[PDB]
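Asker: Single-letter residue listing:
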Amino acid sequence: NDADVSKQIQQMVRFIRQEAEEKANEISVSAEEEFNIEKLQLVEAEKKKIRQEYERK
Amino acid sequence: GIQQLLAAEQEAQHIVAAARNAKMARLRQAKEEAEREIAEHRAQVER
Amino acid sequence: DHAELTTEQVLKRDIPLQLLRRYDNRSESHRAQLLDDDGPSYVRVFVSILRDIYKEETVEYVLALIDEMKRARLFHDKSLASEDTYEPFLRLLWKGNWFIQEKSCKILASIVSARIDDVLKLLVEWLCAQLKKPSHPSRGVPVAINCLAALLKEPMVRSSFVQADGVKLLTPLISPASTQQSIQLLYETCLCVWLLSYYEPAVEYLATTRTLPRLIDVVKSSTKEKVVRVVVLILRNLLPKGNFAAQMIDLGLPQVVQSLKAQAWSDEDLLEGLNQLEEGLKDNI
Amino acid sequence: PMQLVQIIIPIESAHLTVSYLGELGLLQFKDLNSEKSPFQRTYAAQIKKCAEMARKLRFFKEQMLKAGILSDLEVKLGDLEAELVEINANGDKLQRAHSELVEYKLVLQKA
Amino acid sequence: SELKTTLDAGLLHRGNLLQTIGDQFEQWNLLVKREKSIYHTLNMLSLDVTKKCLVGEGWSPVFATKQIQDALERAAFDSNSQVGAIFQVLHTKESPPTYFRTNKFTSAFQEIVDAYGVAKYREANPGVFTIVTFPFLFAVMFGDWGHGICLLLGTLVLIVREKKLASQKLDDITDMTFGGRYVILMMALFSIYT
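Residue numbers (my numbering), protein chains in the order written: chain A, 21 to 77; chain B, 38 to 84; chain C, 34 to 318; chain D, 476 to 586; chain E, 65 to 258.
Hint data in this document are derived by calculation from the structure and do not stem from the laboratory. Just to be clear, a hint being listed does not mean it is correct.
[To be verified] Beyond 10 angstroms from chain A on every Cβ pair, some chain C residues (computed): (1) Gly129; (2) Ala210; (3) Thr212; (4) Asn317.
[Claimed, not checked] Within a straight-line C-alpha distance of at most 25 angstroms, the following computed BS3-like cross-link-like pairs (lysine-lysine) qualify: (5) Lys541/D - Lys97/E; (6) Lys97/E - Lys294/C; (7) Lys505/D - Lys157/E; (8) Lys100/E - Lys511/D; (9) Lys100/E - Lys531/D; (10) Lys294/C - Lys585/D; (11) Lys233/E - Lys541/D; (12) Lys68/B - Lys67/A; (13) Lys97/E - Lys524/D; (14) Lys505/D - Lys68/E; (15) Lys568/D - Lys130/E; (16) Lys294/C - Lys511/D; (17) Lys60/B - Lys253/C; (18) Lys505/D - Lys100/E; (19) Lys68/E - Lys541/D; (20) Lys315/C - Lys580/D; (21) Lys97/E - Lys505/D; (22) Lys68/B - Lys274/C; (23) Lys68/E - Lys580/D; (24) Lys531/D - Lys97/E; (25) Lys551/D - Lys130/E; (26) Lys523/D - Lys100/E; (27) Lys585/D - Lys68/E; (28) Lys100/E - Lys294/C; (29) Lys253/C - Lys551/D.
Even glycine gets a Cβ: it sits at the ideal position worked out from N, Cα and C.
All chains should be modelled from the sequences, with the hints used to inform the complete structure.
Answerer: Now the structure itself:
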């Protein structure tokens with residue numbers, strides 16, 4: 021109550037903002053960036069192999 | 038108090054678990070989508 | 034007017050059916066809350082709310098409201114008909130109006146949710162103009178603190194961040210902050226930089242951004258929870274990129290890396306990530 | 476008429492809060508976490524590192540007192556102690572060399 | 065001669081460095097004391113990772129807790145933290161030890177009386193009566209108005225020199241005597257009256 025409940029709600033808000041807006045956002049954006057890069061990294065090699073096959077043909 | 042503080046911790050843990058699953062989900066989805074895209078690109082070479 | 038600070042006022046400016054106008058005249062998530070009432074009927078008008086805005090006040094109430102959130106990918110959905118409130122932000126970012134000031138970094142990023150990747154791409158070159166001298170109450174640089182991250186770190190604007198010196202103007206964002214709110218803003222900016230370093234073109238753009246001294250100072254002076262977390266994320270992202278870690282290690286990175294025993298920064302997987310970053314910095318030194 | 480007081484000091488300012496409380500001092504410390512020994516415990520590992528730094532500082536102060544001196548911080552104190560030890564070792568080596576050379580000079584003069 | 069000159073130069077440099085090293089260590093002593101206090105608090109009081117804070121409970125004077133907790137919370141807020149420290153109260157059936165507030169002059173008599181023990185948080189405090197009762201009785205056993213003046217004069221010098229006495233150390237018996245200068249003066253005055 022009063023100061024105690026104010027501290028409780030402040031702790032809840034701070035914890036949710038630190039875990040969601042700062043950390044979970046970091047994991048989500050890292051996951052998105054990995055999704056962008058990783059498979060294109062193999063698509064480039066697949067394109068090179070396809071180009072080599074086309075050159076042979 | 039202690040129970041009130043525990044709810045925020047549980048919500049944070051659930052959000053952490055969701056973020057952890059998001060990595061594998063995004064990786065697999067992008068892999069499949071870009072496999073389709075690379076197949077289309079290779080088909081373009083035929084044209 | 035140009036870009037400003039209190040994004041709520043611009044996001045709730047004079048609207049250019051009724052729910053779309055309310056969204057154009059409601060700040061923050063209240064815009065989406067009011068727009069969702071009419072559903073497709075609101076979306077049909079919200080499409081033209083941002084696709085048919087010409088006056089400075091109307092264009093501001095469109096772009097800032099879009100940045101505040103029908104402002105989501107629904108702006109270019111089926112209920113929007115032929116008109117779209119998402120794609121035109123890319124072309125609007127290159128102008129000089131208040132809507133252009135918002136879309137320079139922030140409003141275009143939010144409108145890029147329909148993808149419409151051009152809106153995300155256009156947010157890099159005009160990022161410096163988005164934060165020229167904001168003093169008024171309106172949308173602008175504070176919105177670009179976090180909203181513009183999803184566009185700048187994206188591969189669409191990854192190379193353009195350093196191509197037009199947009200990231201160069203954002204180099205001192207990782208500098209030490211004298212306020213807790215400023216500390217949080219610097220941590221968010223460093224997290225955006227780390228996310229960009231997690232993108233292939235922006236990885237080289239960060240080196241081309243001429244932000245090495247600021248990153249080194251942030252890493253050496255990383256003491257706050259979020260600030261140290263963002264510094265560790267940036268260090269881990271740029272660690273495999275050769276000089277991006279070697280120069281920091283030669284500048285004193287292992288000195289702060291050795292103090293990882295009491296980091297507790299919650300930098301995602303703080304323990305393993307900090308250990309790997311410290312090992313890499315020590316090896317490179 | 477004292478009474479129990481229960482509070483939480485966030486880790487972002489836990490050290491600052493402890494320092495501020497110790498500036499004046501109102502409530503005695505509890506003993507709940509003491510059962511976990513200096514082995515890790517809550518922050519006993521950090522307490523162990525602080526104790527090692529304090530031991531290094533005490534050794535430096537004892538060396539300064541032996542030298543007749545007048546009375547990141549821990550790292551600076553350790554660096555200063557190492558510098559003083561190196562200076563003392565250099566002085567002792569030079570004194571030993573001077574003594575050896577003086578003995579040789581006396582022997583050669585007598586010869 | 066060259067080696068002796070080099071040794072002298074090295075010793076002079078070491079002494080010059082130690083001149084400031086000791087000055088730094090003077091404040092480093094208080095820094096180490098504060099670090100040890102924080103370490104004891106951490107090792108004695110646990111913490112909650114869920115709360116991301118150091119939490120616990122302990123005895124505190126209600127009058128002190130009226131301002132001390134608020135001051136600590138304000139300092140924590142001024143420490144650039146997202147939120148300040150808490151100031152909540154706690155309750156338990158156990159009776160915490162407590163000490164009555166000691167004045168500058170009453171401290172010596174209170175310490176002398178407390179050598180028999182303590183009491184509850186607000187229980188009986190025989191020190192209040194004995195602060196004057198002991199002078200009111202020890203005077204009779206030494207009643208002679210030619211020596212009580214001498215005793216008061218001896219006590220008076222200790223009170224006057226208190227400014228310098230508080231800094232300079234003295235003999236253990238001398239230090240113990242100087243610790244109760246006011247009590248000695250009161251006893252001497254009572255003896256003079258007797």
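Asker: With reference to the structure, classify each hint as holding or not holding.
Answerer: For each hint, the structure was consulted:
1. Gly129: Non-interface label stands for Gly129/C: nearest chain A Cβ at 31 angstroms, farther than 10 angstroms.
2. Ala210: At about 15 angstroms from chain A, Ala210/C clears the 10 angstroms cut-off, so the statement holds.
3. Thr212: holds (17 angstroms)
4. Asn317: The assertion about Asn317/C holds, with a minimum of 22 angstroms to chain A.
5. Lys541/D - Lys97/E: Between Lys541/D and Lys97/E the Cα gap is close to 22 angstroms, so the pair holds against 25 angstroms.
6. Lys97/E - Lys294/C: holds (23 angstroms)
7. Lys505/D - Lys157/E: Holds - the C-alpha atoms of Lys157/E and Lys505/D are around 16 angstroms apart, at most 25 angstroms.
8. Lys100/E - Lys511/D: holds (17 angstroms)
9. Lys100/E - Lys531/D: Judged against 25 angstroms, a Cα distance of about 14 angstroms means the pair holds.
10. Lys294/C - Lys585/D: Distance ~65 angstroms between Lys294/C and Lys585/D Cα, so the pair is violated.
11. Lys233/E - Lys541/D: holds (21 angstroms)
12. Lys68/B - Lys67/A: holds (15 angstroms)
13. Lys97/E - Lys524/D: Roughly 14 angstroms between the alpha carbons, so the hint for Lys97/E and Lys524/D holds.
14. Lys505/D - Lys68/E: violated (58 angstroms)
15. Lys568/D - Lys130/E: violated (63 angstroms)
16. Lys294/C - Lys511/D: At roughly 19 angstroms apart (the allowed maximum being 25 angstroms), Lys511/D and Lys294/C satisfy the hint.
17. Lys60/B - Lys253/C: At roughly 30 angstroms apart (the allowed maximum being 25 angstroms), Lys253/C and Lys60/B break the hint.
18. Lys505/D - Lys100/E: holds (15 angstroms)
19. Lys68/E - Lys541/D: holds (21 angstroms)
20. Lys315/C - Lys580/D: violated (52 angstroms)
21. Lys97/E - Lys505/D: holds (18 angstroms)
22. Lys68/B - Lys274/C: holds (24 angstroms)
23. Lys68/E - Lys580/D: OK: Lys68/E and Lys580/D at ~14 angstroms, within 25 angstroms.
24. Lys531/D - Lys97/E: Measuring from Cα to Cα gives roughly 14 angstroms; hence the hint holds.
25. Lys551/D - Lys130/E: Outside the cut-off at roughly 40 angstroms; violated.
26. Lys523/D - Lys100/E: holds (10 angstroms)
27. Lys585/D - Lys68/E: holds (22 angstroms)
28. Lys100/E - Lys294/C: holds (19 angstroms)
29. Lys253/C - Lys551/D: Measuring from Cα to Cα gives roughly 17 angstroms; hence the hint holds.
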